[PDB]
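As structure tokens, one chain now follows by itself in the form solved without the RNA.
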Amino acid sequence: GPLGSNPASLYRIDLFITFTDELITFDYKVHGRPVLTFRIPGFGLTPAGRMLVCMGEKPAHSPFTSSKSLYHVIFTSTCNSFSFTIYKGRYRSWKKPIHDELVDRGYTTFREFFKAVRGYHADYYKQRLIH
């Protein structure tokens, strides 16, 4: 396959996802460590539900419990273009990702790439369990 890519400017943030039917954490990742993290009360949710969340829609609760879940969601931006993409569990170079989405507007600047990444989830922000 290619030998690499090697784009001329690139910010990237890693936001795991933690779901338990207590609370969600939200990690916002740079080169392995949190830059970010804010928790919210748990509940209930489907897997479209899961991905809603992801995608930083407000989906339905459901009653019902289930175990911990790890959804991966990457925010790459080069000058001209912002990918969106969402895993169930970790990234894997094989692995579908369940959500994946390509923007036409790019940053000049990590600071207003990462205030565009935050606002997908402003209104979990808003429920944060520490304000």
Contents of the next structure:
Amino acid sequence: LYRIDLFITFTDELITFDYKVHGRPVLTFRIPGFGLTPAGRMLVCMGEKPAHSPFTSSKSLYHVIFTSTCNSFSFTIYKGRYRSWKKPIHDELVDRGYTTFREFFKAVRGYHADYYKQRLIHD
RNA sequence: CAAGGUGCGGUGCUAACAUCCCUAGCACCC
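What's the form deposited with the RNA bound like, now that we've got the form solved without the RNA?
In what comes next, the whole complex appears, and the chain from above leads the way.
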């Protein structure tokens, strides 16, 4: 049983992706921000490419949880942080599995591959 | 029934003991 937590922070200026293993930082990247609806933010969390909206001047956080066994792969998105009491805004379970962390991690990063290409780095 | 988050620069002392991770107070150093 492998698990990765990804926290996505949306502002109009930047969208930040923070990946964690055992809750500690392993990978981060950020891209230029754009205007989004609530629906649009969920689609970004999903790794889709939504239509842009007017700016909102808002800051919001979304919590994406990836887990896998040799039998199944789970993908869950929360508005804000996971809580015992909170319903996910999107939840997917698929009959694919992984038996090494490196391959699991490669699958996880595949969700946002196209956003990774847009990342901003130092020179 | 919606309702925790600066997700973290070191060090020392005292107190306490959130099913990803994260105890509090004071002080010194950076």
